[PDB]
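Just one chain follows, in the form deposited in one PDB entry, and it is written as structure tokens.
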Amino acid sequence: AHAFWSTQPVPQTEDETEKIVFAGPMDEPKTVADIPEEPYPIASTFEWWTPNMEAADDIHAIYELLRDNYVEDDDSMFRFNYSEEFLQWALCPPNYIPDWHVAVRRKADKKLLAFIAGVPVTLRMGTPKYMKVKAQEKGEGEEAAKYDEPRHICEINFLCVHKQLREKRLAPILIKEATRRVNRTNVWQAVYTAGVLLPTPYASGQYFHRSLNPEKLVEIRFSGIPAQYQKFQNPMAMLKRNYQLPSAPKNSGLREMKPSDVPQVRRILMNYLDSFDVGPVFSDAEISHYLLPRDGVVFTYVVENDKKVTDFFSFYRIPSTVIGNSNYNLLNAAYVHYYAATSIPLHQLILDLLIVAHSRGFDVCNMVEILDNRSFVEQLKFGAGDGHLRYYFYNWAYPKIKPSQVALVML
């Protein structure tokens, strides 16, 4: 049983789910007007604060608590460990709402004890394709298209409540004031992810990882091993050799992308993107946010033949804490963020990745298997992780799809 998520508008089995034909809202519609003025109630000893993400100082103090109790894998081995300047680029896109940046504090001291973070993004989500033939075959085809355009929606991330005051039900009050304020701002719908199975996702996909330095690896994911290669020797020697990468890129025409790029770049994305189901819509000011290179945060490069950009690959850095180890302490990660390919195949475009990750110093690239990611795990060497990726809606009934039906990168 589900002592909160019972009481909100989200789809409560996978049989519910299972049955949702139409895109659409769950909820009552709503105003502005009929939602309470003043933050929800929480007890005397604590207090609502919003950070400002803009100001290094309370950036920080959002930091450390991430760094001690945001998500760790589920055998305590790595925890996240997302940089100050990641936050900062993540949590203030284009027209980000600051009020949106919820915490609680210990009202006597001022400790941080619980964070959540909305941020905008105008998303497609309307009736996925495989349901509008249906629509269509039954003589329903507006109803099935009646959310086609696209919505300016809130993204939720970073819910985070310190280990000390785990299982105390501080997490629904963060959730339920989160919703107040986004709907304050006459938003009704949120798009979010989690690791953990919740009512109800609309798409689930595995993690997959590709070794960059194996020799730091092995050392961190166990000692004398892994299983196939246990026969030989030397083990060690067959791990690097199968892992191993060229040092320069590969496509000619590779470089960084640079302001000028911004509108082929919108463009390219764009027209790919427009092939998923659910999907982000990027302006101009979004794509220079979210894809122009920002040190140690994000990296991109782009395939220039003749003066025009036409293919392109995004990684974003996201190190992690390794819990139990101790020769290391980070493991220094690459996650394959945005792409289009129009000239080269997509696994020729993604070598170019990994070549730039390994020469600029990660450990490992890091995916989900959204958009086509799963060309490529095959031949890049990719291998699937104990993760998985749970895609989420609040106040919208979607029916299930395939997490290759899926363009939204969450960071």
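Definition used throughout: the rigid core is the maximal C-alpha set that superposes within 1.5 Å between two forms. Positions refer to the first chain, counted from 1. First, how it differs from the form deposited in another entry.
- Core-based superposition between these two forms shows that, of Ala237, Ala227, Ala248, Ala108, only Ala227 has its Cα displaced by 2 Å or more.
- The Cα position of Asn186 differs by less than 2 Å between these two forms after fitting on the rigid core.
- Relative to the superposed rigid core, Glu149 undergoes a CA displacement smaller than 2 Å between these two forms.
- Core-superposed comparison between these two forms: CA of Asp74 displaced by 2 Å or more.
Switch from the form deposited in one PDB entry to the form deposited in another entry and print that structure.
Excluded here are partners and other molecules; the one chain stands alone.
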């Protein structure tokens, strides 16, 4: 069934993954010296290219490839339009490796054909809580704890082949060359997400949406008007009313995050994430990079009363092109990022996220059912969407976990 994935170090079936009881590698140990020094071979008319994703013109070339060829729905209504500023932020965190950003171009004229990107992350990925209990019952705690230490791995994102080059087996070549470059840096696992089902996820969650501008969402056919609203004289008036929000935040002391908040925000975030089976470990530099506000890109607010930061939330912006509507160009979506609540209930924290995003001109707030996101779905009027985000590892055996045990947000 899978001419490429059957040759890779991943679990091959659901039934195999149901059988895994400890975290650890799939492949034999290898060394940097074992890995080919030269790029993987590619057709003579193509050439490998490493963009510099801090230089404006190279970022722009990658932006146009994704604008015109990245994720779109099956009805070709919406396609992601990540901004140039977003790509520089996502691709260049502290200690990033320029070599892990991999492109193919046509040699003759330099037309960009394909891309894939890796960034470093430190991830807790040892055996999950429920399987460590089973290990204790059986006298197998030592094997279950062998890989408990956080590991420096690769996160992969932005895999993209040009629409004129689809179904020619170019994606497997991109993945093999990414893998080589990563392994030449002595890193042997990766984490990735996809909306498609491949061999084999360790966790899967539904998407959720919260309408912020329901008249626009119905106009572009992102949303429809639900049937019972037809019992009203003015269905759209009642829909608007149902989703209305306050014009200003409700929590006293909410303000934008600043550099001096970095240590207190790292503390409350890490104490919270530690309770989940799979999650990141962030330094002060990575908390600054992923959470300090950047215009058009990442928005982060803290609750400070009486001089102490007790809570915070963040969201990020990804617009999508509206392909078929002749009245709107873009869908402006806000995605729930990291958060931590110590002084107020989580629903009260996240209502101010929705108030801020609406005030700033967003049309919808989206998220997946990771972290404690299920805890405010009903009260804050989110609804489940179509399909699911699946979490995968490369070269790591891992027991199936629930999405509410996943604390890693993928951009």
